[PDB]
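Visitor: So you can see what is in the structure, the chains are spelled out below.
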Amino acid sequence: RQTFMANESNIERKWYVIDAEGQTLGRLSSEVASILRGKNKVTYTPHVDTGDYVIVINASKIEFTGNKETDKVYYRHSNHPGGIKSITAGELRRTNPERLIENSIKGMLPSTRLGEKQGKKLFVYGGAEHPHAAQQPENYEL
Amino acid sequence: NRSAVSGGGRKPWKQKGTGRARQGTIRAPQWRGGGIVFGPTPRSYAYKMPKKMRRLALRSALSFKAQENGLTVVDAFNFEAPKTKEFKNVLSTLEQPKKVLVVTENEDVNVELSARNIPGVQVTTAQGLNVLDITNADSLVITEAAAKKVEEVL
Amino acid sequence: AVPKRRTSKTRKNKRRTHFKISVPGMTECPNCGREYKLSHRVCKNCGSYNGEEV
Amino acid sequence: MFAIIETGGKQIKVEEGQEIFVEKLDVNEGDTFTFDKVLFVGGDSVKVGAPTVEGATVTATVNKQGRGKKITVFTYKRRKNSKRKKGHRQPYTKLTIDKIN
Amino acid sequence: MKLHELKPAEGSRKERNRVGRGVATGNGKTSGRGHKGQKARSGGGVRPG
Amino acid sequence: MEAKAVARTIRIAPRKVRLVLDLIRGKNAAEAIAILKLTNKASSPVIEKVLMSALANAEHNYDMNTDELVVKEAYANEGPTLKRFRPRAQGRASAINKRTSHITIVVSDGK
Amino acid sequence: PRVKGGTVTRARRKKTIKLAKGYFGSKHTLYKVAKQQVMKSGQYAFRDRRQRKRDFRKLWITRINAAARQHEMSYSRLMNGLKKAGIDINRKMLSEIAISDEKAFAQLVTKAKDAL
RNA sequence: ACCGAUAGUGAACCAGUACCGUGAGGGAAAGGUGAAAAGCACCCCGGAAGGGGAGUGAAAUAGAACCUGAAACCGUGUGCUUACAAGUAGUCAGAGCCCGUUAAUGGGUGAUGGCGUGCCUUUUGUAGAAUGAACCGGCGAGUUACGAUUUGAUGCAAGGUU
RNA sequence: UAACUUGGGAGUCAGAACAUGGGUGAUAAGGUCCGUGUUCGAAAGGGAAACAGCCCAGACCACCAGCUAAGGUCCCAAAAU
RNA sequence: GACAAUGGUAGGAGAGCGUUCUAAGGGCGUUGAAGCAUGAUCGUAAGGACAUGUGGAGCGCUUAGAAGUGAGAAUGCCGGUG
Ligand SMILES: [K+]
Ligand SMILES: [Mg+2]
Ligand SMILES: [Mg+2]
Ligand SMILES: [Mg+2]
Ligand SMILES: [Mg+2]
Ligand SMILES: [Mg+2]
Ligand SMILES: [Mg+2]
Ligand SMILES: [Mg+2]
Ligand SMILES: [Mg+2]
Ligand SMILES: [Mg+2]
Ligand SMILES: [Mg+2]
Ligand SMILES: [Mg+2]
Ligand SMILES: [Mg+2]
Ligand SMILES: [Mg+2]
Ligand SMILES: [Mg+2]
Ligand SMILES: [Mg+2]
Ligand SMILES: [Mg+2]
Ligand SMILES: [Mg+2]
Ligand SMILES: [Mg+2]
Ligand SMILES: [Mg+2]
Ligand SMILES: [Mg+2]
Ligand SMILES: [Mg+2]
Ligand SMILES: [Mg+2]
Ligand SMILES: [Mg+2]
Ligand SMILES: [Mg+2]
Ligand SMILES: [Mg+2]
Ligand SMILES: [Mg+2]
Ligand SMILES: [Mg+2]
Ligand SMILES: [Mg+2]
Ligand SMILES: [Zn+2]
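Protein chains in written order, with this note's numbering: chain Z, 3 to 144; chain D, 1129 to 1282; chain P, -12 to 41; chain R, 4 to 104; chain E, 864 to 912; chain W, 12 to 122; chain X, 42 to 157.
Worth flagging that the hints you see were computed from the coordinates, not collected in a lab.
In this text, a Cβ means the ideal position worked out from N, Cα and C, and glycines have one as well.
Check the hints yourself; a few may be wrong.
Here are the computed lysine-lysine pairs in the BS3-like style, where the Cα-Cα straight-line distance is at most 27 Å [to be verified]:
(1) X:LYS76 with R:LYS72
(2) X:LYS73 with R:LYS80
(3) R:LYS83 with E:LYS892
Some chain P residues flagged as far from chain W (calculated, every beta-carbon gap over 12 Å) [as the list claims (entries may be wrong)]:
(4) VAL(-11)
(5) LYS(-9)
(6) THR(-6)
(7) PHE6
(8) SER9
(9) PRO11
(10) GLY12
(11) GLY34
(12) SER35
(13) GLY38
(14) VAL41
Use the sequences and the hints to build the structure in full.
Guide: Put into C-alpha cells, the structure is as follows:
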C-alpha cells in the first residue's frame, strides 16, 4: 500500500571508515553491525542489503575491559573428535585481530544468506592504512 | 447380506503370522463381492389416516376445485357405442382444459372406454374417487346423480 | 537393508544423470567418405582399414 | 502538495490525481465525498494539524464501490476434530482525488 | 394444493439425523457413543434394570 | 513439414530405449543412422527401422529430399505390460514385467 | 435405490489440488498430501494476516528511529514530543514523510522539541 | 419410487468353468466398433509385427478387449528460476523477468526476508523414536420390522379408534 | 443476574503440572494419597531461547491504524548505549 | 438504530449444501445432453453457474416424497502404476 520498499537501482551503498585505537570491541561492533544491515537509514527494508560498507582500522590496538585478555576464550571445534582448539582473546589480538573483530561482528549479525552478504561488506586491518581508498571513503565517529 | 451371498465359511488366511489384515470370510462388506451391510429389505409403506381425516381430504379437494372453477356439472352421458373422437368433441364443446377428471354414478362402460385412450383424461365413479385423481386435474366434470351421491355420502 | 522412504521423482532424476551412454568412437571412412565407422575398426561396408579390403 | 487524512480508522497519504482504496462509505458510485480530518499538509507550504488543520479538507470523486478479493479463512486444530471454513470479501470504496484544500 | 405446490404444515416433518458422516455434524466418528466402552459397541449395552 | 513413423508393442523397456533416443534427438539423419548402426545396444536396430521408415515415407508421401533432414523429436512412450511370474523361494512368487514401448521418430526439413 | 458415488469425490478433490497448484512434487498432484498442506496454508495465513501488521509496524518504527537519529533524537523522545504537542499522525505516514521529504519531518521534529 | 458390469446370481461373456486340493470341498476374472461390415483395394519402409499416405465412413482423433476415456504413473518441448547452500517444504512481504483474464485492486515464476516440528488414532500429555496408511481410483460402517416412551403436526373430543 | 421443578438426549468413573496446608517417603522423586485455588485437558496468541500445565491474556471476519499487559530498550531482535 | 454475545473436545440442539430414484409442473438437447479437461467466476460455508476443447445421447429446473444418500485412514478389499 502506501509504503516504500527498497530495490536495487534505489540504493546507494556508501563506504565508511571507523578507527578503533582506544575503543572496546563490543561497543564498536554494535554500531558497525547497525551500519552493515542498514538500521541507520530511512529506506531500511529487511529483505535487501540497504546498508553501507565499513573499514576497521588499527584493530591491533583494540581494547578489552577487565581480565578478558586472559580469561575470555574463543573455543572452536573441528568435526573430528577431540577437535577443540582454544585461543585467548589477547593471543588472537596479537596474531590475527582482523579475525577477532570479524567474528565479533558476525555473531552480532544474523546467520542468514543476506546476513552473510552483509558480513562480506566488512574490511578489517590491524594496521592504520588500507587499499580501499580507490572508492573515496568517509570517516564515521561514535 | 453377509449371510446369503454364496461363500464364506472358510477362514481365508490365518489370524496371525502374516502381515495381512484380520479377516474371517471372503464375503464380508469390506471385500469386493461381499455381502451388504443393512441395505433394503422388502417392505410396505402403506400407512393409515382416520376415516374423518380422509373424508376431510376429499371434501377439501373438491372445495378447491369448486373455488378454482374446475367444477362443471353435466346432465348425463349417453353413448350408444364408445367413441373417443366424439368424447373429445364433447370436451371441446364444454371448453375444458387438457387434464381433467370425470365422474359417474356407476362404471358407464361406454364413456370409460371413450376416454380410456386419452392421456390427460381420467374416469372414476364417486366411490372410487381419489385425492390424487382430483388433484392431478385442472377441471372436474361430474354428473348430477354422482354429485348428489357424493353430497349424501359426505 | 530396506528403505524407510520412497525415492522421489526428484532424487530418481538427479541420480539418473550419469547413467546415459555416449556417442561412440565414430569417424568417417575415407574409402567412402560417408558411412561413418568406428575408429581403429574395420569398415563393415568397404571391408577396409587403411585402404585394404578384408 | 500532499495531505494526510484520517479515514476508516486509519491514515492515508494523498496526491491530486491519485486513486486510493478505503473502507466502505455511505456514499454512491459517482458522487463526491469530502475528507475533513486532514492532519498534515505538504509541499512548499507545510502546516501541521494539532490534531487537525483548521477547516482544511479534501474533495474527491467516487469511482467504484465494491468488494475485495476473497480470502478464505480456514482454522485447524489437530487430532481434536475441529475446523472452520469462512470466507470474506471486505468491501472498499475507490476514490480519485481532485483537490487538496 | 396441486402436486407441484405441495407443502406440509410447519414443523410436522423433520429431517433424520445421519450419523457417522463427518465431524462437522457433531455426530461423526463416534456417533454419539464416546470412546471405548461397553456402551460404545454394536449390541453394546446391558439389560435395562 | 513433418513426417513420422511409429512402432508399437515393442518388447524392449523404455528406460533402455530412451538411452539411445537421447543420441538421435536433434541430429542429421545419416549421422543418426550411423549412431544406431554402431551402438551395440539392442534397441538401436528397432530405432533404425522406425527412422528409415520415416525417411522413406517422407521421400514418398510428403515429397522431401532425404539429405536436408534432421530428427526433430524422437520419443518413447510406455505401452502395455505383460505380467509374469518368476518363482522365488519358499513358495513365494516374484513378479516380472515384460515392459513395452511406442518408438516414435519425427523428421523435418527445418521448415 | 442405489447411489454410485460418482463425480463428487473427483470434483471436491480437484478443487483442493487446484488450490495446491504451485507446490512441490506430489503436494500438487496427490489429494491427501495436498489437502493437509492446504489446511496448513489456511492456519498459517490466518496468523500471517496478523504478523503482517506487527512486521510493518516494526519497519515504520525502525525507519523513523533512523531519521530521528539523523536529527539527533531518539524514537522515544520524538513520539513523546508529538504526543504532548498533540499531533496524531501515525508511524506509517511518518515513515512516508521521512522518506519522501526530509523538510517536513524536520519541522515535525522542531515542533516536538518545542513540546519538550 | 429394485441393480445397471468392484452392482445385481458365485456366473450378462461356453461359470460351478479355469485354477487350487488326494479328497470332501472351495472358487474367480472377464460387457459395449459402427446405422450398416461398407472390416482399410492400392503404393512406400520393414523379414515380419507395426506404421505412413490413399480410399469406406458423418466420424478411424471409431481400425478389432475397436463408446466416453479421470487419477496415480511414464515421457518430449519450453516461459521464470536454481550449483556458499542447513529447507513438514508452506504462508505473509517482495524486486526483477514473462504473459495478457469469467478484465478485476490481473495470471505465472520467485532474488531475499519474518513466522513456522505432517494427518489420523490413542492418550494426563505425541514433532514424536507410540499406532495406521507406497500412490491413485472404485467398494466399504446406526439400518429395517414389530412394540414401548416423549416431543412436533393434524383430525374428533368425554369421547377417540378400528 | 442467576436459581429451582418437571420431562427428552448425553458423555464422564485412566487425569496432569504449578502454588499452598498435610500424610506416607528419607522435612527424596517430574513419587504417591487427600483439602483448597488456577491453568491444561477442551485454549490459539504474547514472554520464559526452545518447553500442555509457569507469567500476561481468552481468537466471529478483515485492516500496511492507535493504547497497553507480563516481559523488555547495545547487536542478532521492536524499542533508553 | 442502540447495546451485547460469537475459542472449544466428549457431547446436546438447530439451519443447511450435495447425491440416486419417483409424482406433478414447466423446460433444454445432433444448430450438440450427460460425462471428462481448462479457466483469472458467485456464494458467510457445504457447494452453484458461464465459456472453450473433447464427446456423441440423454439431462436439468421448482415444490414435495424415499433412501443402498457424501470416505483420507479399518497391518481395510479389488484393480492399476511406481
Ligand atoms: K478453561
Ligand atoms: Mg456363511
Ligand atoms: Mg465354521
Ligand atoms: Mg507389512
Ligand atoms: Mg453381491
Ligand atoms: Mg491446529
Ligand atoms: Mg461435538
Ligand atoms: Mg476422522
Ligand atoms: Mg475409538
Ligand atoms: Mg476409557
Ligand atoms: Mg462409554
Ligand atoms: Mg515348492
Ligand atoms: Mg465412494
Ligand atoms: Mg459380478
Ligand atoms: Mg463402467
Ligand atoms: Mg478407447
Ligand atoms: Mg548462488
Ligand atoms: Mg538449526
Ligand atoms: Mg520463506
Ligand atoms: Mg509416524
Ligand atoms: Mg485407498
Ligand atoms: Mg501415577
Ligand atoms: Mg481425554
Ligand atoms: Mg505506546
Ligand atoms: Mg533494536
Ligand atoms: Mg471469543
Ligand atoms: Mg462456539
Ligand atoms: Mg444430535
Ligand atoms: Mg454408503
Ligand atoms: Zn569404408
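Visitor: Starting from the hint list further up, note which numbers the structure goes against and sort them upward.
Guide: Per hint list: 7, 8, 9 and 10 violated.
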